[PDB]
Amino acid sequence: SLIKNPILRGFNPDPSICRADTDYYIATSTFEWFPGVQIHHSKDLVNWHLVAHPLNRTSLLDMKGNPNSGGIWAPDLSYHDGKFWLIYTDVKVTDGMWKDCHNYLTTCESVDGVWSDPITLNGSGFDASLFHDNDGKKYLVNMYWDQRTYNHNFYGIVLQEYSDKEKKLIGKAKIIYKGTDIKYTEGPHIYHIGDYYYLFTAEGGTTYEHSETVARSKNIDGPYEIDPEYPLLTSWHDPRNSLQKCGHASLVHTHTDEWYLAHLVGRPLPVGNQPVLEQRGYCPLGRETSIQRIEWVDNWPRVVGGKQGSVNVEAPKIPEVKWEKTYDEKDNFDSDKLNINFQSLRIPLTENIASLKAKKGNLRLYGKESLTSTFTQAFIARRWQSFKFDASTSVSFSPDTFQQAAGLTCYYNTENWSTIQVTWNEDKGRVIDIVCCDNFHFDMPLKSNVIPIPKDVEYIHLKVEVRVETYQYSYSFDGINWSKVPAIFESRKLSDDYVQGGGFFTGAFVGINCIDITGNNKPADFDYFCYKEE
Amino acid sequence: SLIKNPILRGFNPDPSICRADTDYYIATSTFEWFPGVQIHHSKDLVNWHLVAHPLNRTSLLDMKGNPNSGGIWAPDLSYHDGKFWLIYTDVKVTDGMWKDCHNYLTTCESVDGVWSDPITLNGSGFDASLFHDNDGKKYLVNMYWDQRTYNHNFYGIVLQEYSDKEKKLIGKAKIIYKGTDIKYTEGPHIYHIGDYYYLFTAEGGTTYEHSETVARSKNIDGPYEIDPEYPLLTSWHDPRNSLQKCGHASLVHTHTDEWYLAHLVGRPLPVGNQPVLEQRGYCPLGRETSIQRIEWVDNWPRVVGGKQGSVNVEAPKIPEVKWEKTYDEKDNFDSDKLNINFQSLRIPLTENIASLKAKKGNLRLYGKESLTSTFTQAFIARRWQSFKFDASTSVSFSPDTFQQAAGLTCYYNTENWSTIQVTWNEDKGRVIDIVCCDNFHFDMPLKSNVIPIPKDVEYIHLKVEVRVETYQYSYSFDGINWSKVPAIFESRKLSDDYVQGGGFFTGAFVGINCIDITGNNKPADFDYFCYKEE
Amino acid sequence: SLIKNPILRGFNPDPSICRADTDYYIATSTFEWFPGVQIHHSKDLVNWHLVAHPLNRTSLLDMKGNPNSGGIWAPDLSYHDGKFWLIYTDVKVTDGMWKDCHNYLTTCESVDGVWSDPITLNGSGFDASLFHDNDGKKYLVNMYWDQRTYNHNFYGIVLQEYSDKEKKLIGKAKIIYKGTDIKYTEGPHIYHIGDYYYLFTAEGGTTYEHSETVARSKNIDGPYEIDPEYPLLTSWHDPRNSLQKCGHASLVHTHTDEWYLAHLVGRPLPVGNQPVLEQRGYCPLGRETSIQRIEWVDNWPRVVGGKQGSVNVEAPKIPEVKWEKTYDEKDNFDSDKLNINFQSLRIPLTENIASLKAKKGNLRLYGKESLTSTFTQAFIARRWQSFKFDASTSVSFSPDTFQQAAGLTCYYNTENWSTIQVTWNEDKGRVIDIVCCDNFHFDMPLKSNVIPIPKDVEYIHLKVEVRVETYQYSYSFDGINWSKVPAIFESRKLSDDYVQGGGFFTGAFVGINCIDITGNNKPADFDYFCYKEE
Ligand SMILES: [Ca+2]
Ligand SMILES: [Ca+2]
Ligand SMILES: [Ca+2]
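Residue numbers (the numbering used here), protein chains in the order written: chain A, 75 to 608; chain B, 75 to 608; chain C, 75 to 608.
The hints are simulated quantities; they were obtained by calculation from the structure and are not laboratory data. Hints should not be assumed to be uniformly reliable.
Which copy? The list can't say, so a pair holds if one copy fits it or any two copies do.
Mimicking BS3-like on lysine-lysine, the simulated pairs with C-alpha atoms at most 30 Å apart in a straight line are [as the list claims (entries may be wrong)]:
| hint | residue 1 | residue 2 |
| --- | --- | --- |
| 1 | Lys248 | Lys502 |
| 2 | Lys462 | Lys257 |
| 3 | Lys212 | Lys241 |
| 4 | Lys606 | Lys433 |
| 5 | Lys462 | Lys166 |
| 6 | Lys521 | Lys117 |
| 7 | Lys252 | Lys502 |
| 8 | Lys433 | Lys241 |
| 9 | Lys391 | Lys381 |
| 10 | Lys257 | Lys433 |
| 11 | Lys242 | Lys433 |
| 12 | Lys239 | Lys411 |
| 13 | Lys246 | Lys117 |
| 14 | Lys292 | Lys242 |
| 15 | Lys558 | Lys521 |
| 16 | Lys434 | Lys404 |
| 17 | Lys257 | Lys381 |
| 18 | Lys138 | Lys242 |
| 19 | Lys529 | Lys404 |
| 20 | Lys558 | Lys502 |
| 21 | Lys433 | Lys246 |
| 22 | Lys166 | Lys558 |
| 23 | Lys241 | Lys78 |
| 24 | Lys502 | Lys431 |
| 25 | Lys78 | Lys292 |
| 26 | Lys252 | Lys558 |
| 27 | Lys521 | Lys248 |
Working from the sequences, and respecting the hints, build out all of it.
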């Protein structure tokens, strides 16, 4: 039938699409969220399911203390010589005149297997991508960073041979391409198709000015000619399109000899009765992945349906394979494996932080550092993947100080979040309370009007109802009757477009956490986690 | 004989003084600078020498990724049962509603020995201090942090028994004191002298409003009565005093039965013809350590000469012992022990970052991340310890891209520094250039007028002349004749008082670094480092 | 009965005290509020009443378009040769490197009479003051402004002879005094007492650093020796004193041969459990006037009871004379003279803006510009003179567009106010709504929850209840039953200490206004204005 974009919803940027015989994979960036690199699978490009996170051990990925929207930027997944190859970037500095980062290569016979110890590559820029040429040679391309303050930082595309035999980059690196006048030249992928090397790049920056352009050359070294009809993909000029920020693309040639282009987009909340060119939108689901049909004209790729990118796209000629949901709407924590849709911040969880074993049918979180910490948070979360949903939990917790809190949280980064918590007060004992951070402005809007929790309540039920432009928390002591808490939040405030700083690259999550400042590691028992889209 | 304050000059805050027989030691905080905790020694309290940094391995101190002015906050050094005890704090969050941190205990027979594996304490607040009572019991006191947004964060002082036998805190923790109306109640120390437990606290915050106050109780638990003459120590009311920010003190009873008080101070640059109450001063030497003489009146300690603190103080009745200087004014790097006055950022130096062995008579730095990175900088530095000095070095470096640079740097934190570098330009090849960052605003003021370096120059000499309110760099190709580079910098911009953010707790350094963004680890060889105070 | 400071409450800064035989007057500055210069009168210094505003016509005072806290700065009232002399300053630029202003002289045989057409003086600084020497010569003193960006702006005090015969300043102006290291040298007054000319000056700026110092000379010309014990007056060093910002004084010698010192103060709102040195306070009543006793020691004046100034001060040896209240708690607008405690912004009211004749027993305000206009507002208001009070009104108004609004307002300046309004909405007709501006951040907190007004309600009753740290509006359709509108405001946000910008010199007002953007001048009739302190 039809592909319906986005195919990968909520936080799923920088799609790297990869064909392995008749299997299709997209790797997306995960930034500070662990484990690293989401890999989704499809047989038909219409239906997708989340199946792996290769970077799942400290030896592959060490992001303790990483800044928000540092860590895993755009990943590159390829398949060649009977194995998968993953190029990844760990970004350590996300703002200023430098973007210190490190690029690595790991491999694996399957995407869900145990990936090899990483090979050190370079760090001259992010967006490293591995090209396997048909003569058996291999090359890394990446953007080359120019820190000089009076220059634009995006110096062009650097190319260097990689040797699998020597496990290193070899020979000299060369700038092969400088990009167009749109600039922000990044995301390089090379494809050798017929008589040309095609160099695909993202341009314009990952905002509403995002695009993809194609250039081509008879030789890998260039010089590359820019498509006369550049860009290939962009909706910058069309503020009304459902898909915005169209860029950072990768190309696949299906086994059915068809051509598809994966790319990221943003889908703004309704902007309302406001100037359409000035207010391009807020995107709480972050950067999602969409896919377009490609046709060839005069040996240049072209986006079918127009460069703005379409929502409803002609599917390839492949019999459909639908997938079961990869989570239960109500997760009862009856398995010793945490659901693949849950991630934690920066580091691998250990039994000292989170346990499914300590108490059957519960997730026990042992309190760690606050919601503001870039080190160790006892906190697991999953993506908002719709503008309307309910998420909920119930938690058993016995705090005896305000330094202890456990609850349900909507979270973007360390200075942009809100939460409803079970905590403690000197005069009222156990209470429900609300805390939030709006671009590093902190508030507790209930003040003294916290809600006392009766001593005989074992599990406090906590719910968030996300309703497009706003959301609100509720609680229940019996799991049947719910009371609203009078604090209404704006969803746009958990968006790429609202958050401050050089790194604005993830999206809204909802999850559950336990804070214990005292160092006593107080446990909170969560009986379940629900997430139901409407 | 006179104690001439400050006794520990340049960045040396939060002094914890400790007597072991006739040896006196002061520990000061080091924040992100590694190895952690400076220990100075003295026989006479007049003459001090730097002798140790106990926190010198990752198992003791792991600050990779730590924020500026996180890491080691005020330390606590004591001597008892024939060994030294060091309480220390690794702060992970330096701003906002929380101050996530962790307290640890380590021990050693000597201050310059190999300190034992750390014992885990608590994290309810920083400023942890270990009190050894005369009945063989031991207690930890620290500040208790209240995150609640409508409350002052400084909830008071918490007390908990510590068991050496069990290697842990035991029993219940209790708040014992809430502080005065000055607030910012921190730096708790308990001394059991005669019939009272005395609780010393720092209050007012470590700015110009800093003070020390004393409270006393017949029991360790309280309740504590406050000195009717509080504070014990402060120069807030006297903006003309040479010593400012007088607070965070510790008390020593000398072996001669006299009483002295170590505390931190700031010494402002000249304020010039400006309102003396308004412009209290900028302190590029950070917070330094001074000592006051204490006398007793009605069982309360009192600072001799006035609570504002005196810059010169009558020394105890102990014959003078002077110490050899701990560095050479010209360090020729002919030894394979990096001088004790050099520190590096956050992590232990390895042979892959810095080497004295690779080339005899040289410090080789293998290029790592930029001056804005909280991860791995190939950068070693020493404190500004005077308002007027020269420092210089000479460097052999062959950069082939603007992503490589090595040079001489004045540095406060990742967003406050300036540097003169040997680097490369497309058109002129190897050149001398200036880069700076002023509260995260970057500049390269030479623009195109960078200084070409002749191909036959092996070592480029670089120098900074610091002259109280301004400093300026110059360079030499022969080691004798110098040319000034026309960028004049303001010393006040590398001061606690000027830098933005919640962590402003270090001081100006001067050092040498090598940046290589490419990942090639290009070596720079430094033939010497000179530091000479005028 | 004691003098109970402040003697002039609410916004009443820069007291210039003046004796005329056995009558005592104090002139205070009015900035943008018209008519200009308040004059209060007393027989006994204990009891004061408001009696005049000299600057009540455009030819004396034209402030159309003046910036906030521009206009009438400190005035100077004297009595010599059987008449009153008023020096006043019209400030046109309140921030940046200049303080463009103009000084004038007017005279009158009585404070409440018709003052003479102004004589043009100079513009070299504000705080001009007319000194009448005992030999018939007269002199103007003022501060002399230095705009140079690398200098403190306060160059010192300039002296120049003023000729009543020629109606101008004659001879050369000369700098006679440079001030102390406190700087912000301003507010010069000269008194020839015995063998000395005493020059009193304000220093430190009109914040918590405010003070007064005294210097003396045998000649009017200097050189002036500064009091060894300076300052004469300040509470800077005592953050707990009820009177703060003590400075900008004037000295009076009573007919009973006693000496008193009028000066401004701020009285902060309770600061709560917050650091007392850091949070010195917010003053919604602006700068008020107090009076101290002076005694003489070694021919230097000294404040009786300490430099900090006392709240309750011993009265002079003059029989008590108490005054009638100068307004009715409930003003029914039955007189055709608007009460003396009402002022308007910048310009004289005319019949086209406000009328008491149009409809007897009502104030009719004919709609003009918005609350953000520095030109023409149909808005009359009176000072907050206590931290606790109720003010109310009732209004008849038939808006037919959201461009029309009439109501009750708490107001500091064009970008700091709030109001409850009768206005109009497309779907609901006449409604009550809330508007506020917080340092130029505008909000309408009710959003869609406006309150419909029944068509049959003629007068809508509007009230504010000010209760120390907060205040809140209510309305009543029957004048008996009031309902609170759910929007709580912070009184601290209508204070000198909160408002942003270079001019922060007035204080909180409450009044009534009518806005009609359409240009149709729609009338709003107000039946009464109530102000009741408790
Ligand atoms: Ca369960
Ligand atoms: Ca050497
Ligand atoms: Ca009336």
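Check your understanding: At most 30 Å between C-alpha atoms: does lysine 462 with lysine 166 qualify within a copy, between copies, both, or neither?
Key -> neither (34 Å within a copy, 36 Å between copies)
Exercise for review: With 30 Å as the alpha-carbon cut-off, assign the pair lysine 606 and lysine 433 to within, between, both or neither.
Suggested key: Within one copy only: 25 Å inside a chain, 64 Å across chains, cut-off 30 Å.
**Study point:** Homo-oligomer pair classification [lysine 404, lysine 434; C-alpha up to 30 Å]
**Key:** within (16 Å within a copy, 66 Å between copies)
**Study point:** Intra- versus inter-copy proximity for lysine 558 and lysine 252 (alpha-carbon distance at most 30 Å)
**Key:** Result: close neither inside a copy nor across copies, 55 Å intra and 36 Å inter.
Check your understanding: When no copy is named, should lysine 558 and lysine 521 be tagged within, between, both, or neither for a Cα gap of at most 30 Å?
Key -> both (16 Å within a copy, 20 Å between copies)
Review point. What label fits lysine 433 with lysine 246 when the C-alpha limit is 30 Å: within, between, both, or neither?
Key: between (57 Å within a copy, 27 Å between copies)
Exercise for review: Please work out whether the CA atoms of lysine 257 and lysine 433 approach to 30 Å or closer within one copy, between two copies, in both situations, or in neither?
Suggested key: Close neither inside one copy (54 Å) nor across copies (43 Å); limit 30 Å.
Point to revise | Intra- versus inter-copy proximity for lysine 257 and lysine 462 (alpha-carbon distance at most 30 Å) | key: between (36 Å within a copy, 28 Å between copies)
Point to revise | 30 Å Cα threshold - placement of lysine 242 relative to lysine 292 | key: within (26 Å within a copy, 70 Å between copies)
**Study point:** Within, between, both or neither: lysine 78, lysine 292 at alpha-carbon 30 Å
**Key:** For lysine 78 and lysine 292, the Cα distance exceeds 30 Å both inside one copy (36 Å) and across copies (44 Å).
Practice item. First find the shortest C-alpha distance between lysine 391 and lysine 381 inside one copy, then the shortest across copies, and answer within, between, both or neither for a cut-off of 30 Å. Key: Only inside one copy: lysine 391 and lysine 381 sit 23 Å apart there, 42 Å across copies, limit 30 Å.
Check your understanding: How would you classify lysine 521 and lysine 248 at a CA-CA limit of 30 Å: within, between, both, or neither?
Key -> between (60 Å within a copy, 25 Å between copies)
Going through the hint list in order, the structure does not satisfy hints 5, 6, 10, 12, 13, 22, 23, 24, 25, 26.
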